[PDB]
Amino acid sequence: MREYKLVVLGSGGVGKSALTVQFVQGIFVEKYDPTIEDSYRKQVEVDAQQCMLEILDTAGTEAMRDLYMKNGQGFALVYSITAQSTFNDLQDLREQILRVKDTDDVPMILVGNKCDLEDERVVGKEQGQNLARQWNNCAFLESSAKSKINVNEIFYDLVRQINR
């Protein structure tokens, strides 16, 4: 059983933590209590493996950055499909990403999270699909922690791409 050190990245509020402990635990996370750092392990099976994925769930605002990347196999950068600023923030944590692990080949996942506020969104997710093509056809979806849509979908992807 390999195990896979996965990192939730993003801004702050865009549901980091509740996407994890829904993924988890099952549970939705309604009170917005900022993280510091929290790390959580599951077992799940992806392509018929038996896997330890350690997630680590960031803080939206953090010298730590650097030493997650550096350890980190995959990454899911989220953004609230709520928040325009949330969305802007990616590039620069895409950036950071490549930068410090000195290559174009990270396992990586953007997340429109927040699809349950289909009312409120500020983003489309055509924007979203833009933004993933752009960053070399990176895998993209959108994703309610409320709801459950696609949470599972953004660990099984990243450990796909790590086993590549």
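For the two forms, the rigid core is made up of the largest set of C-alpha atoms that agree within 1.5 Å on superposition. Numbering follows the first chain given and starts at 1. Compared with the form deposited in another entry:
Among the candidates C115, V123, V106, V29, the CA atom that moves 2 angstroms or more between these two forms after core superposition belongs to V29 alone.
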The other form holds:
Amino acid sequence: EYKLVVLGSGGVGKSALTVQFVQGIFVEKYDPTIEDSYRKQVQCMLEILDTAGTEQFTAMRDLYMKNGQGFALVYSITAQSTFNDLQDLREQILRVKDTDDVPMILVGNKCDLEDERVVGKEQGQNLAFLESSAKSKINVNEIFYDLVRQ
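For comparison with the form deposited in one PDB entry, would you give the structure of this protein in the form deposited in another entry?
Chain only, nothing else included.
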């Protein structure tokens, strides 16, 4: 049993990544109201806890952080804001957990569209790092492999 958490600002692609991982968009319909909606099997069982849609309720984020074991800090390369917002979430994880270090990975979603890219590639490497894309299936699974290793 494993509990991974996906974090980041709205419009960053959190929900797209989560569905793309557990099941896949279009190929199957997605029902988020049944038991196995966020649980996949990879050789172990993962449950993805995503703060998508619930960004305004920061008590939801904290509950997921508390129950989490791995953390995906997703930013969008389309917007500058979204990378900055990762500073606070990085801190907030440590505060709820009460630990020195926690297994986490940085993610730079929306890497497929590069005629709108306003974020550099090495900025994330200074702060595990991947430059993923949900709608182009790039690195989607790789993200959640990292966290089980750590």
